[PDB]
Amino acid sequence: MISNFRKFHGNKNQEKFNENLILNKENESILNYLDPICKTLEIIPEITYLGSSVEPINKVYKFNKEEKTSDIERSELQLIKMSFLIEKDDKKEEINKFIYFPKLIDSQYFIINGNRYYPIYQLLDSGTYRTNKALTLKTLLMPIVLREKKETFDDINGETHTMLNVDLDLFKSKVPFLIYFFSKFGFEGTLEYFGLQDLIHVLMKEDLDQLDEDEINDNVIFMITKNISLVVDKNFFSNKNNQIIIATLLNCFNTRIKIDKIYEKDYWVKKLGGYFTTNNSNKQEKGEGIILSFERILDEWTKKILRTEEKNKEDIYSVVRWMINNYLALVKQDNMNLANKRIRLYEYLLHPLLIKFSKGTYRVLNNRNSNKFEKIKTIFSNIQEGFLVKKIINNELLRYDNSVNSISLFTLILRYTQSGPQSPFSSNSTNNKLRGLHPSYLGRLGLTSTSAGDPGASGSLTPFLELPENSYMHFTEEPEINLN
Amino acid sequence: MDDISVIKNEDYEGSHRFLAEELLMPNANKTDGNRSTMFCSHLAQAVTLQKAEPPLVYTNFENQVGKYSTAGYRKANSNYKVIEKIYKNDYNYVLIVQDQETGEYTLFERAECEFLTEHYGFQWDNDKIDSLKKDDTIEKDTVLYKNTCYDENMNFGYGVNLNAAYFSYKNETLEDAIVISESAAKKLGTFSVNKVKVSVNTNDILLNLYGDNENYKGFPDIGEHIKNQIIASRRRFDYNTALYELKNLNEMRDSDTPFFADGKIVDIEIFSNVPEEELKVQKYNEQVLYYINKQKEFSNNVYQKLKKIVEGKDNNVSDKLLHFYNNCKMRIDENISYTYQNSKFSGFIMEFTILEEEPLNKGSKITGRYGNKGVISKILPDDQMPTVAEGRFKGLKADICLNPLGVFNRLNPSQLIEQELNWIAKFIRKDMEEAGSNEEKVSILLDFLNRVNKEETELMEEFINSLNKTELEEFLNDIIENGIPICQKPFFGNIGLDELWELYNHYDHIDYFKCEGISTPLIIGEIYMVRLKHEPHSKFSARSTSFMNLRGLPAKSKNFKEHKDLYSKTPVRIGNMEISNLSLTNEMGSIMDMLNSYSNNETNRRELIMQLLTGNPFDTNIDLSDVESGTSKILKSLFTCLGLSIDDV
Numbered sequence: 001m002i003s004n005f006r007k008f009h010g011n012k013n014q015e016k017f018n019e020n021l022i023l024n025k026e027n028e029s030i031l032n033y034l035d036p037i038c039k040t041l042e043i044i045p046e047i048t049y050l051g052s053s054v055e056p057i058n059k060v061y062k063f064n065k066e067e068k069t070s071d072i073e074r075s076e077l078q079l080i081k082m083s084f085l086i087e088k089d090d091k092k093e094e095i096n097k098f099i100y101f102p103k104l105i106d107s108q109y110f111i112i113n114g115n116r117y118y119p120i121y122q123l124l125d126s127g128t129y130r131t132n133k134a135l136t137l138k139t140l141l142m143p144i145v146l147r148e149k150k151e152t153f154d155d156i157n158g159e160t161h162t163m164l165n166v167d168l169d170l171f172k173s174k175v176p177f178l179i180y181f182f183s184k185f186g187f188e189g190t191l192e193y194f195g196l197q198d199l200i201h202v203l204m205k206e207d208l209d210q211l212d213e214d215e216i217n218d219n220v221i222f223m224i225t226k227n228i229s230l231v232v233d234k235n236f237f238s239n240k241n242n243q244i245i246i247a248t249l250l251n252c253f254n255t256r257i258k259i260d261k262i263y264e265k266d267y268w269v270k271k272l273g274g275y276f277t278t279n280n281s282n283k284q285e286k287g288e289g290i291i292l293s294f295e296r297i298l299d300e301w302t303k304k305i306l307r308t309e310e311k312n313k314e315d316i317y318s319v320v321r322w323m324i325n326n327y328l329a330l331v332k333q334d335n336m337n338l339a340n341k342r343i344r345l346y347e348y349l350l351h352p353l354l355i356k357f358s359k360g361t362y363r364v365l366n367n368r369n370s371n372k373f374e375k376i377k378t379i380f381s382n383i384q385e386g387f388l389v390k391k392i393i394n395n396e397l398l399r400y401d402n403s404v405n406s407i408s409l410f411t412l413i414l415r416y417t418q419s420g421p422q423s424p425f426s427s428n429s430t431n432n433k434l435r436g437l438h439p440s441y442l443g444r445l446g447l448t449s450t451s452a453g454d455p456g457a458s459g460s461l462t463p464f465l466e467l468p469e470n471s472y473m474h475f476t477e478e479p480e481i482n483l484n
Numbered sequence: 001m002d003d004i005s006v007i008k009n010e011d012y013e014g015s016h017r018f019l020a021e022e023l024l025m026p027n028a029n030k031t032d033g034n035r036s037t038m039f040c041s042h043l044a045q046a047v048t049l050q051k052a053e054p055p056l057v058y059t060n061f062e063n064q065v066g067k068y069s070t071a072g073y074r075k076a077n078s079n080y081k082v083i084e085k086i087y088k089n090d091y092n093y094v095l096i097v098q099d100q101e102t103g104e105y106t107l108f109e110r111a112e113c114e115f116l117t118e119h120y121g122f123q124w125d126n127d128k129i130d131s132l133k134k135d136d137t138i139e140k141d142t143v144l145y146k147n148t149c150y151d152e153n154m155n156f157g158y159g160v161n162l163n164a165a166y167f168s169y170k171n172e173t174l175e176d177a178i179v180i181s182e183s184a185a186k187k188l189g190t191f192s193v194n195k196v197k198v199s200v201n202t203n204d205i206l207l208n209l210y211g212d213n214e215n216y217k218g219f220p221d222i223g224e225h226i227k228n229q230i231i232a233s234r235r236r237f238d239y240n241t242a243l244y245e246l247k248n249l250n251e252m253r254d255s256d257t258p259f260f261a262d263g264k265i266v267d268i269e270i271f272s273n274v275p276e277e278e279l280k281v282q283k284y285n286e287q288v289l290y291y292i293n294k295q296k297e298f299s300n301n302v303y304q305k306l307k308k309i310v311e312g313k314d315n316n317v318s319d320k321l322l323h324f325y326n327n328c329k330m331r332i333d334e335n336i337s338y339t340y341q342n343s344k345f346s347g348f349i350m351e352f353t354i355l356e357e358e359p360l361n362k363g364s365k366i367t368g369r370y371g372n373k374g375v376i377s378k379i380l381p382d383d384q385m386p387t388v389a390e391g392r393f394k395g396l397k398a399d400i401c402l403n404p405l406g407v408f409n410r411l412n413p414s415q416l417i418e419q420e421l422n423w424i425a426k427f428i429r430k431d432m433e434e435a436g437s438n439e440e441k442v443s444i445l446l447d448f449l450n451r452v453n454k455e456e457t458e459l460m461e462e463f464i465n466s467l468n469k470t471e472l473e474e475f476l477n478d479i480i481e482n483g484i485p486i487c488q489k490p491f492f493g494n495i496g497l498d499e500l501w502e503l504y505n506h507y508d509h510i511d512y513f514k515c516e517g518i519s520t521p522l523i524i525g526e527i528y529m530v531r532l533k534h535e536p537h538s539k540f541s542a543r544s545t546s547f548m549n550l551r552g553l554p555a556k557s558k559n560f561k562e563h564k565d566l567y568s569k570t571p572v573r574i575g576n577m578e579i580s581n582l583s584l585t586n587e588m589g590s591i592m593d594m595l596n597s598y599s600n601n602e603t604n605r606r607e608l609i610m611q612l613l614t615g616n617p618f619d620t621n622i623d624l625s626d627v628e629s630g631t632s633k634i635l636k637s638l639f640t641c642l643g644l645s646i647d648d649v
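These protein sequences, in sequence, are chains A and B.
The numbers in the working numbering rise by one with no breaks, and the one at position 248 of the first sequence is 248.
The numbers in the working numbering rise by one with no breaks, and the one at position 245 of the second sequence is 245.
Since no wrong hints were added, every one of them can be taken at face value.
Simulated pairs of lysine-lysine, DSS-like, Cα-Cα distance not exceeding 27 Å:
#1 B:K344 / A:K390
#2 A:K390 / B:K558
#3 B:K146 / A:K16
#4 A:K7 / B:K469
#5 A:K25 / B:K320
#6 A:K62 / B:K307
#7 A:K391 / B:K344
#8 A:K65 / B:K305
#9 B:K75 / A:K12
#10 A:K390 / B:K320
It should be emphasised that the hints constitute simulated quantities derived from the structure, not laboratory data.
All chains should be built: construct the whole structure from the sequences, respecting the hints.
As structure tokens, this is what we get:
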């Protein structure tokens with residue numbers, strides 16, 4: 001009996017496969033990912049969230065005479081109910097919407113309209129990575145990006161220095177990153193918040209005349225205006241990362257200034273407005289709006305994903321401070337390493353709802369001289385029970401099941417693609433760097449299986465891979481650069 | 001790039017944790033990367049074989065792969081107990097089963113086919129489930145039904161073992177070509193199952209293709225096989241003129257719309273949208289009136305069978321059972337109208353599932369494990385193929401001959417190692433078979449296994465000493481008949497070069513086989529073969545005169561997708577450089593005449609068609625006319641829309 005011996009010899013193996021990794025798709029729950037997308041809509045002050053849940057669907061049909069309509073083809077769906085409380089001065093409407101989402105049958109595929117569809121993992125960088133002359137951080141909808149430009153400065157004695165200035169390329173504009181803090185917390189507020197208020201001082205012309213001569217070498221004095229001078233320490237100026245703040249601060253100011261205008265927030269709030277709106281009448285008001293938007297760029301999911309400590313995760317300002325403190329180390333890191341990449345399965349499926357909600361909320365954010373309640377109602381008025389299914393199928397988010405063999409473990413169960421929504425990969429872009437290999441690939445990915453149609457856009461996970469638990473599908477637990 | 005320095009071979013010792021999809025292919029540390037990377041795609045495209053066999057040289061890794069692939073077999077999650085089983089058709093029937101640990105209820109449905117994709121599928125080898133009957137007990141590890149790949153004892157297999165040799169046959173193996181004996185072609189097989197959706201309206205009728213007027217069999221029966229590759233043909237009927245149209249329904253007419261398919265019909269299902277009272281009287285719509293009724297009967301059965309279960313106080317049912325119960329109770333009710341593609345059709349529409357076995361034919365492709373891809377060129381009767389007629393074992397005949405020219409040029413020496421291993425296995429097996437009692441026979445085996453894979457010797461000894469005398473004798477007879485399996489791992493643990501040298505040196509009584517009418521020593525081994533998806537009938541196309549586009553140029557028509565025609569009647573376009581390469585010859589007027597009379601001018605096309613049809617068939621002397629072409633008119637209209645015109649002189 002050859003077969004009995006073969007079975008015994010197979011059972012006496014030692015390098016068994018990883019059971020947990022293969023049967024993973026059924027562990028994911030839609031309700032876990034549903035919350036951040038709904039909470040995104042909270043930008044409008046009136047709208048308040050109330051949660052969402054899965055509704056029961058089991059029911060025994062009772063005989064009826066109502067000319068019922070039934071479909072020829074079979075499909076499996078599941079009902080999700082969301083609730084919102086729209087509150088106004090007198091109206092306190094409650095809106096309950098229902099959405100259909102496909103259910104995972106046999107733990108592997110969806111069945112829609114008699115056809116079978118296989119979900120696939122997507123591989124993407126964790127964030128805070130580096131691109132050509134820029135440092136970018138991925139986000140749900142708004143990709144905040146920092147851009148650096150070299151500049152030249154001359155001191156009092158005439159020594160020339162070349163430094164760097166950083167701008168936040170947000171809202172299709174180039175704006176210094178210090179003016180946001182100067183508008184929010186103020187001059188002294190920003191100085192205290194950064195922690196450099198003990199090293200930065202501003203002196204007038206009369207104080208410049210009475211400047212400490214013996215402290216000139218110890219404390220380098222830099223020009224601000226024709227009369228106002230800046231007092232800063234050379235020891236603080238030693239580090240380039242520290243010098244970044246000095247360069248940006250000197251770049252922010254202009255020739256025209258007033259001593260009492262420095263302590264006034266409006267003095268540069270109107271400057272930011274003029275940067276945004278050219279008309280003088282609204283220079284204040286429009287600027288205020290931007291500030292509000294700048295406090296809602298970051299959402300909860302990006303907070304949960306990031307691996308930084310709690311102290312550097314309070315809000316957008318703390319994130320910007322932590323990013324700008326360690327600019328050099330972050331820009332010195334590479335990109336192709338696998339230590340800072342993750343895999344998504346459902347967040348790239350729930351895209352159309354987020355897109356629709358953003359499109360709806362922008363319209364009501366840009367409304368003027370009208371009643372808000374009607375527009376807020378129109379935001380939620382259109383919710384089709386076949387919205388998600390139609391948008392998913394039409395845009396080809398899911399991949400059609402076209403296989404002929406019964407060997408499915410290596411073919412479709414473990415397959416990852418770098419293309420799709422928010423994918424830097426693009427055939428016409430001709431980015432040959434992304435299609436290459438890195439020494440970190442070995443041990444956690446397949447170096448052989450590649451699609452012949454387009455190399456590098458499809459591989460296969462190693463069956464022996466052990467994803468660490470409680471890390472939200474992270475290959476490692478620490479970034480490539482320790483930063484410690 | 002100095003990033004390689006992080007990689008250290010000290011930790012990657014004795015563990016295959018860095019291989020994906022290469023676990024199946026053995027001796028992976030010999031072939032290059034360019035040929036190895038083709039194996040992944042080759043495994044991705046591999047159709048099912050009827051007579052699947054486990055590989056002779058196994059990597060000890062395919063068993064777990066087969067176990068963890070749940071797309072081909074279905075086992076029992078928990079211990080069940082059969083409650084009831086009901087029939088639906090000649091073959092397909094369902095059964096309702098109940099747990100013994102939770103009280104829930106589930107259903108299991110027996111089938112005879114599966115639609116993997118638009119063309120390819122397989123047939124369920126449902127044997128254990130059929131034996132289950134009359135309130136039996138299902139255990140945890142039992143498997144209900146399985147695909148054709150899996151064998152009796154869960155051992156995987158995705159190919160066949162064929163006797164092979166490296167030889168040249170009348171230059172028929174140039175480039176990548178393979179000859180194959182008739183017996184091997186008989187051994188190799190494939191399956192094919194397809195679904196066809198025919199449609200019938202109120203005006204249309206069905207011709208009496210099968211049977212006489214007594215039995216107006218419009219379509220084949222449940223288990224019969226179709227003939228002439230025509231499943232059913234429907235003819236439009238008009239109220240105004242039907243006296244001279246419906247005189248004889250036993251023959252095809254000029255304006256017909258037949259449906260083409262091939263195979264054996266296994267499953268049908270009919271959905272109707274007309275009142276039954278109007279359908280009861282029509283004589284030509286007879287067979288449908290049969291099947292529909294039968295179908296409804298089945299539904300009624302379930303409504304009278306388990307209505308005490310779901311409608312009772314327990315209600316502990318799974319989602320699948322409840323959904324199926326609601327779906328089946330939908331039909332027996334009244335005033336129900338179906339819809340298709342978000343539209344309400346008028347006449348009834350059915351479904352057909354057709355199964356067929358396709359044998360190996362010229363033009364197909366077969367490849368080995370190491371990506372030595374080839375193409376079948378010419379099959380021969382087994383008599384013509386080379387045979388050995390001098391040695392002790394006269395009679396062995398090679399089944400496939402491979403190209404010997406491109407073995408070293410292709411940079412993949414694994415095939416030679418595999419063939420040498422199988423040849424040494426053949427020699428040692430014959431030596432063992434010649435003489436020796438069971439007391440020492442196993443020793444003759446063990447020695448050979450001692451110099452190939454040291455890990456296998458311990459398991460060999462344990463298994464051999466575990467059994468008793470009769471089973472040991474049966475196992476020895478079986479290994480004598482089929483052959484000694486040899487195991488070696490892909491990357492870490494295998495034979496290289498020094499081991500082969502020592503193995504050759506130790507056995508001094510081995511010489512090449514001397515064939516007949518060859519005068520050159522030759523070796524024949526056994527190699528693993530897997531079929532591929534690529535077929536000649538999936539891309540062949542021809543076109544005489546199909547439907548024309550709205551503008552007037554020929555265009556692709558969607559009829560082959562709905563099984564309304566045999567060939568994919570798609571024209572081939574002339575590319576940008578094709579016209580220039582044709583213009584390589586100094587003649588240009590002939591090119592212009594050909595293009596204009598083929599796909600530009602309607603009057604010229606009609607004149608050519610007529611002049612070709614009527615006249616002299618042996619010798620043709622057509623004379624084209626001069627009429628302004630369509631493309632010139634299109635261009636003139638577009639340019640005069642822009643505001644510019646092309647003026648001669």
